[PDB]
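Each chain is listed here by its residues.
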Amino acid sequence: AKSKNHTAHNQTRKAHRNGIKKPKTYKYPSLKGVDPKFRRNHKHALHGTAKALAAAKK
Amino acid sequence: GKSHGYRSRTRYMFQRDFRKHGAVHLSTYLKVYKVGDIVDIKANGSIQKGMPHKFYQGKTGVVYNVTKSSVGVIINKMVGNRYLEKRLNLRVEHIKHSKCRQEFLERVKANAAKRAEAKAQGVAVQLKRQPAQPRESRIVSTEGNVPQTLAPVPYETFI
Amino acid sequence: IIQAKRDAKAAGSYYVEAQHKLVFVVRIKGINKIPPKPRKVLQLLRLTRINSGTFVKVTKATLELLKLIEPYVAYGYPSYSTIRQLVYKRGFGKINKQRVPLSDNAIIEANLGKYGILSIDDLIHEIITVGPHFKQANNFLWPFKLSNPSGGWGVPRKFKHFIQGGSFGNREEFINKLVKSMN
Amino acid sequence: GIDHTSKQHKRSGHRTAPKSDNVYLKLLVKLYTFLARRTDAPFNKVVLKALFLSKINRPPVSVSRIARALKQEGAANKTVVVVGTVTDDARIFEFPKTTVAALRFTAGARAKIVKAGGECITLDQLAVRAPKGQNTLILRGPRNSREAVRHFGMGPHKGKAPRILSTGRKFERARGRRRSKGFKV
Amino acid sequence: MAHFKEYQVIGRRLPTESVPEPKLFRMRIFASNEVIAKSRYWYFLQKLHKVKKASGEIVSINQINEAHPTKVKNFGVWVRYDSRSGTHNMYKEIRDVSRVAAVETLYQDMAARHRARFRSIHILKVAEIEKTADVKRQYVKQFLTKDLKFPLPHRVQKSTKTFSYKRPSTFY
RNA sequence: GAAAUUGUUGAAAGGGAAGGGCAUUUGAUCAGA
RNA sequence: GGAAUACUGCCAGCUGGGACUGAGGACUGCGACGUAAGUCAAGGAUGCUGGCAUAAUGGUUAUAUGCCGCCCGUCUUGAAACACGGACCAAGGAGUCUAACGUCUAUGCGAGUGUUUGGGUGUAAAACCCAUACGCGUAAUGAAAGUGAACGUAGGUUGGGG
RNA sequence: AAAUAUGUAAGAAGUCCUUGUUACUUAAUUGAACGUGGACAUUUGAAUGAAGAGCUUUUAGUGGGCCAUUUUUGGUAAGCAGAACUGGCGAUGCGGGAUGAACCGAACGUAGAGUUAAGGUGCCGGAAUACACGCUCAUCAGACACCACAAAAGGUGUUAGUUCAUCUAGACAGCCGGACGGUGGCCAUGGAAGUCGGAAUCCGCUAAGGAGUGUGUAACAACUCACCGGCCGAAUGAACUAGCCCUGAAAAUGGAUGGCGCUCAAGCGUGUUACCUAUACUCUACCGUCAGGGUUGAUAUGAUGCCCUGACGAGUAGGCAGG
RNA sequence: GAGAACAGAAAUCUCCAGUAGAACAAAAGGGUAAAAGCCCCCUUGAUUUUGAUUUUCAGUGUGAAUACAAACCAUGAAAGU
RNA sequence: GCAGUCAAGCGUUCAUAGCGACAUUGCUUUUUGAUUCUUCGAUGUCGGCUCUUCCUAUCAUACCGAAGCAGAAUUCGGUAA
RNA sequence: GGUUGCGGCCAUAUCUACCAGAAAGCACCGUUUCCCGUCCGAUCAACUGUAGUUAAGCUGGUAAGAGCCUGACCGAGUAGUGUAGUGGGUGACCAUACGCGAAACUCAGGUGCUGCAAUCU
Ligand SMILES: [K+]
Ligand SMILES: [Mg+2]
Ligand SMILES: [Mg+2]
Ligand SMILES: [Mg+2]
Ligand SMILES: [Mg+2]
Ligand SMILES: [Mg+2]
Ligand SMILES: [Mg+2]
Ligand SMILES: [Mg+2]
Ligand SMILES: [Mg+2]
Ligand SMILES: [Mg+2]
Ligand SMILES: [Mg+2]
Ligand SMILES: [Mg+2]
Ligand SMILES: [Mg+2]
Ligand SMILES: [Mg+2]
Ligand SMILES: [Mg+2]
Ligand SMILES: [Mg+2]
Ligand SMILES: [Mg+2]
Ligand SMILES: [Mg+2]
Ligand SMILES: [Mg+2]
Ligand SMILES: [Mg+2]
Ligand SMILES: [Mg+2]
Ligand SMILES: [Mg+2]
Ligand SMILES: [Mg+2]
Ligand SMILES: [Mg+2]
Ligand SMILES: [Mg+2]
Ligand SMILES: [Mg+2]
Ligand SMILES: [Mg+2]
Ligand SMILES: [Mg+2]
Ligand SMILES: [Mg+2]
Ligand SMILES: [Mg+2]
Ligand SMILES: [Mg+2]
Ligand SMILES: [Mg+2]
Ligand SMILES: [Mg+2]
Ligand SMILES: [Mg+2]
Ligand SMILES: [Mg+2]
Ligand SMILES: [Mg+2]
Ligand SMILES: [Mg+2]
Ligand SMILES: [Mg+2]
Ligand SMILES: [Mg+2]
Ligand SMILES: [Mg+2]
Ligand SMILES: [Mg+2]
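Protein sequence lines correspond, in order, to chains N, F, JJ, C and E.
Using PDB author numbering, you'd call the opening residue of the first sequence number 2 and step up by one each time.
Using PDB author numbering, you'd call the opening residue of the second sequence number 2 and step up by one each time.
Using PDB author numbering, you'd call the opening residue of the third sequence number 62 and step up by one each time.
Using PDB author numbering, you'd call the opening residue of the fourth sequence number 2 and step up by one each time.
Using PDB author numbering, you'd call the opening residue of the fifth sequence number 1 and step up by one each time.
Just so you know, these hints were derived from the structure itself, not from any lab.
Incorrect hints may have been included.
Said to hold, decoys possible - Here are the computed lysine-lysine pairs in the PhoX-like style, where the Cα-Cα straight-line distance is at most 25 Å:
#1 52/E <-> 128/JJ
#2 100/F <-> 23/N
#3 78/F <-> 101/JJ
#4 70/JJ <-> 241/JJ
#5 33/N <-> 97/F
#6 23/N <-> 60/F
#7 28/N <-> 110/F
#8 5/E <-> 70/JJ
#9 25/N <-> 161/C
#10 20/C <-> 22/N
#11 161/E <-> 128/JJ
#12 28/N <-> 55/F
#13 118/JJ <-> 128/JJ
#14 129/F <-> 33/N
#15 219/JJ <-> 50/E
#16 23/N <-> 55/F
#17 43/F <-> 87/F
#18 161/C <-> 33/N
#19 121/JJ <-> 53/E
#20 221/JJ <-> 71/E
#21 22/N <-> 98/JJ
#22 182/C <-> 159/C
#23 121/JJ <-> 52/E
#24 158/JJ <-> 11/C
#25 175/JJ <-> 129/F
#26 129/F <-> 121/JJ
#27 52/E <-> 221/JJ
#28 55/F <-> 44/N
Modelling step: build the complete structure from the supplied sequences, incorporating the hints.
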């Protein structure tokens, strides 16, 4: 016996019951897909900046 | 059977903007995109590489990565009942700087300048935008503008 | 204002009165079968119950909201007498998320004195003349829970526009009569 | 009828009393309820809230953790407050002299503190000494180091410790865990 | 829509820097209140000129009372109305003491004889016929004869009580 | 020594079901002060 | 030309009749009137009077009257259904225990924890006491051979209760 | 090239200034990214709201749907079959639509009072046989959306309109007179003269007459009308338009504006009031729930207690809690 | 379209116009003119390592695709690809 | 299946006595389909016999109108089950 | 202001038909040993800047020019459309209320602007 094929009925109500939540923007986002050459240089840049800041404590 | 390909239902979406076909002008390549820039996505049909999916046509996102000929764009795509972070690798032909934020940066500059000039002149800020207010009172003169009386016209066909 | 109108008429001009800066909106439709966008606008205007009313400062941003919820509300331009009676009889403040009757000027001062509002007439003034702290004063005022109109609605059917012989929409000056009968 | 903008009759979702039937814990809760009501001390309020917490929400605080908190600059003479159990830690060899207020002390932790020359005191003694939580330092143990936590959020590309009884080769390591058998996760 | 009042409504087509002081268009609207009067003004202005309420403003609205509300006049009324199948222009004649009474009679008569609702009727013009023999409708002409007299046969008096003891009479 | 079911007695009602809800009239019966 | 009146609106103008309610239970407050004493319609009813003192009010029950009221259970989009089970009543009658587990909670002890396989003992299947092991935890990773967790104040930055 | 719908932004994770790191990058401290330090807090950079916000774990049932407005596909169509957005029914009582899952109104703790919604106010039946202007007479009248049907085409029925005409220099109708000559006009036909048929669409007399409006003849002849007159004396004619009513309009047990019945309605169109009544709205009381608080300063034994304040209460499957 | 022996409608040669009305393996849609089409030259980037991303999506798999990184190469004068 | 509207034509002449093309509006549920709403813990599945009642879209009988109705016969139609 | 090299936007720049252009520049132009490439020194390459010319390219102008561009209370608040009603209508569809709002059409105007560098009567 044939039945219903598809409907989006009630789907927006279900989604809005717990709401459509914006995805929690952060500071310092992930560097996952960032250019690996840039990431390799940025690691050393952060190392040097931390070293300089620590040495500045005299 | 059904058909849902990568470029399905893109027939008019990926057209070449009638009488603007052919080579992409050089300003598109001369634009410079930095991480944190806000860009609108509009696919160029003549550039098949680095092309965005049809879903991201007209979406505005943030550049998170910069490569030789492409940028990485962050889009918040609504999936079910929440937004998922999507990272698109788009050649510069399919993106442009969003003017929804250059105007905002100009407004920020103007606000800072106005705050400086106000702290120099006196005590007033009024730095927030306000909606269109109801109109103040006005006096309308009839000098040379005697009100002309109109009436509804009778029906006629003129066919 | 009266003398300005007379002076314009004597000078052969027309005095165009300033557009109204304040409206009173009353929800005249029940809470069933409301489309999501007008329902959200009603919630944001705090009209979550039939015969609930609030003051709205008129701008483009709120005029569009009233446009969206036109078929479910009767709104108009409240007079000073209407505002005074509304605040005196059905005036409640939102204090610690509670509906506290405005039976004393100290109640108003404790919550709105930081805005220079010290009394019930201070609050009424801030509402009628849409002052700098109209938003805070109006939000302090709990939504007015009016009764059904005492002499009826004056129309056989409420849910066409006031212009079309119904009850909803802008009824600009007759909102005073409607709200007084509802008060 | 009212178009409700939020769920009606929603409980606050926070404990207002200890689930425990410990009479002494209830007495401590009464004392700190009085204190939080009539002292306006945020320390007293947070201690009253912590007195309700379940066991997994009061992870043990080790003496080494307390020693690091005292190594914090300017905190060497503060009364360390742990609403829960203080456990011993032999991985540290130099423990400082300090006063630690806690719900419970293990035998080793109490011995270590007393031998280093401090004192182990109860929360009511802490309340008597510092009714406003004067010069206190509240320490909390690691909640998300629990064994149950690592299995939370399990799914593809999550790296979240599958729930398993036997570990080793032949136990959930072949298909869906490496490219050589179908795919990796 | 109700007992009618006549309003003059003057609107502006709100001024700009290029065009200050626009042409101040006026109409005479029959409406039961000022809100309906302004709505009808904007309806007809949208029918006539390139303007809408959002791009214009009501300069003035004034109730026009009958100059001689206790003088019996004959009015020629030119209307345009929508029937079930088309639009038609009609001329009618109404005897009354005021324009508002004549317009109420016009709306009642159009509803009664053509099932034309208020929304389907445009009042093209209302004008007093100053001279007799310019009245061209017989149903008004017959009331313009000299020394007009007529009885009221079969007078039906309303009883206040359920029962009567008299077998009443319809004399008048 | 229950119920179904039944006899007698007593009470009451009964124009093509009966039973029920709200409310009170009437009859019977009863607690509290 | 001078008014009036209608209509609409306003008064912190006055006043008559009717109905429902009387919550609370020392004081505290805001006020009003008074020069002040005090008084008050001001953070919720008191005063005066009558009858009865029991079936009178009330409850229960039967009946009468006005209006309303389809047969429950079930499957179902939809049951009063011309869908199914049910003539009636009594008694019986259906998420149990176990092995191994996830979450959460309580308890004990805590880098350890688990006395009860067993031994000792006993007022004898109880209670009480206990050695060596073993299990799990304190190390992971790799197919495996194997290797095996501090540059640092056990790091830096942002937020973070106290 | 809309409308609706839709992405982003409207700041302190910001802006500006100076200069630190790097193995990246640059011709190059050039830039890139991350920073030290400094300056900017009344509107920290639109509106409105916010029984708070964020987060985590774990589990139930469900995974046959259906209906209404709108968009919409297949189909002649369907109470058909399939999509879109929303609102609903399922899961839901209540007032109204007589009756009904879905429509209108309104969502529900126990009560009192008031006011209403939708719908109604002749009687059933609570509430005006109310007011007012018109329309309709049906020998199948009509009488409230969903909804329980009716069409094309018609009607000097009746009503109201549009446009064009005739008319006291006599309109139309009515009675009577004339209605010729050229001319049997020409032609097709056996015969056709105005009149079975084609073309030509003329004039003299003319107030007026058509090479013809009909009847009649085998063809004639003859009556007849357009056309003009005699008499009467003021309004009349034609084509249209759309209201109500009527024809079109035929099914089976006897029966349905709900019934009765109703005809200047108790029908239809419209307008103004008054009135009736929902579990809705307003106020109050009481029950419970939730939330925010007060109170170990004692006799005072119920701090899980006592108390204050505010809001809320529908519910199948299902979950939990207190009994 | 205009011309040239055989040669005509169609062998080939020449000029003019020609926004693509052609072609790009295939279905359709899009795209492309000093090219993505045609011809010629050189080639193997149809390579190696393992990650990230997009569509389908449970944000699993598979397929397909995108942008890099680390190499080794091809081509070009080179930018580049 | 039945019934209309228009009227090019048929009917010697004459569209409508009787018909009526090309079109178009309907009605009916005695056809057959379409659907799958009810019934699969069961509504006895063809036809005939028997018997009652109902409908009218009337074959006959009653009374009529029209005709290309002289009579006779017949045809069309009305009220009528 | 002209012109050249490189350009940005990519017709207000394009297209058709005519006319004009001082100076410089550009260009056509002259030659074939070499590099180079062709059936063909036509293109491409090299050489001269000399033998000549503004004829063409190019630039600008003209045209009730084609196109294109801009604006409009031009059409038109029309078409369409969001929302509303126990509105109309047998229906098809339509009207009204609160909003948004085209395209064609018509009219008028316009016909490249401009960046860096160099050069010029
Ligand atoms: K069956
Ligand atoms: Mg299904
Ligand atoms: Mg496009
Ligand atoms: Mg490719
Ligand atoms: Mg009343
Ligand atoms: Mg009503
Ligand atoms: Mg409620
Ligand atoms: Mg016995
Ligand atoms: Mg018995
Ligand atoms: Mg009997
Ligand atoms: Mg008055
Ligand atoms: Mg009391
Ligand atoms: Mg009694
Ligand atoms: Mg009943
Ligand atoms: Mg079924
Ligand atoms: Mg059932
Ligand atoms: Mg049945
Ligand atoms: Mg069964
Ligand atoms: Mg049975
Ligand atoms: Mg039993
Ligand atoms: Mg199932
Ligand atoms: Mg189906
Ligand atoms: Mg179900
Ligand atoms: Mg419902
Ligand atoms: Mg009905
Ligand atoms: Mg109630
Ligand atoms: Mg009655
Ligand atoms: Mg008709
Ligand atoms: Mg009635
Ligand atoms: Mg009526
Ligand atoms: Mg509490
Ligand atoms: Mg409930
Ligand atoms: Mg090429
Ligand atoms: Mg059977
Ligand atoms: Mg049977
Ligand atoms: Mg018949
Ligand atoms: Mg040459
Ligand atoms: Mg060359
Ligand atoms: Mg030249
Ligand atoms: Mg031109
Ligand atoms: Mg509605």
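Now for the hints, and whether the structure bears them out:
1. 52/E <-> 128/JJ: holds (16 Å)
2. 100/F <-> 23/N: This hinted pair holds, its Cα atoms lying about 23 Å apart.
3. 78/F <-> 101/JJ: Cα-Cα ~23 Å, so holds.
4. 70/JJ <-> 241/JJ: Violated - the C-alpha atoms of residue 241/JJ and residue 70/JJ are around 33 Å apart, more than 25 Å.
5. 33/N <-> 97/F: holds (24 Å)
6. 23/N <-> 60/F: Holds: residue 23/N and residue 60/F sit about 16 Å apart, inside 25 Å.
7. 28/N <-> 110/F: Holds. Residue 28/N to residue 110/F sits at ~24 Å (cutoff 25 Å).
8. 5/E <-> 70/JJ: holds (22 Å)
9. 25/N <-> 161/C: With Cα atoms ~21 Å apart, residue 25/N and residue 161/C stay inside 25 Å; holds.
10. 20/C <-> 22/N: violated (33 Å)
11. 161/E <-> 128/JJ: violated (54 Å)
12. 28/N <-> 55/F: violated (30 Å)
13. 118/JJ <-> 128/JJ: Holds: residue 118/JJ and residue 128/JJ sit about 14 Å apart, inside 25 Å.
14. 129/F <-> 33/N: violated (38 Å)
15. 219/JJ <-> 50/E: violated (33 Å)
16. 23/N <-> 55/F: holds (22 Å)
17. 43/F <-> 87/F: holds (16 Å)
18. 161/C <-> 33/N: Holds, because 19 Å separates the two Cα atoms, which is no more than 25 Å.
19. 121/JJ <-> 53/E: Holds. Residue 121/JJ to residue 53/E sits at ~14 Å (cutoff 25 Å).
20. 221/JJ <-> 71/E: violated (38 Å)
21. 22/N <-> 98/JJ: Holds, at about 18 Å.
22. 182/C <-> 159/C: holds (19 Å)
23. 121/JJ <-> 52/E: Holds, at roughly 16 Å.
24. 158/JJ <-> 11/C: Holds. Residue 158/JJ to residue 11/C sits at ~15 Å (cutoff 25 Å).
25. 175/JJ <-> 129/F: holds (21 Å)
26. 129/F <-> 121/JJ: holds (16 Å)
27. 52/E <-> 221/JJ: holds (22 Å)
28. 55/F <-> 44/N: At roughly 36 Å apart (the allowed maximum being 25 Å), residue 44/N and residue 55/F break the hint.
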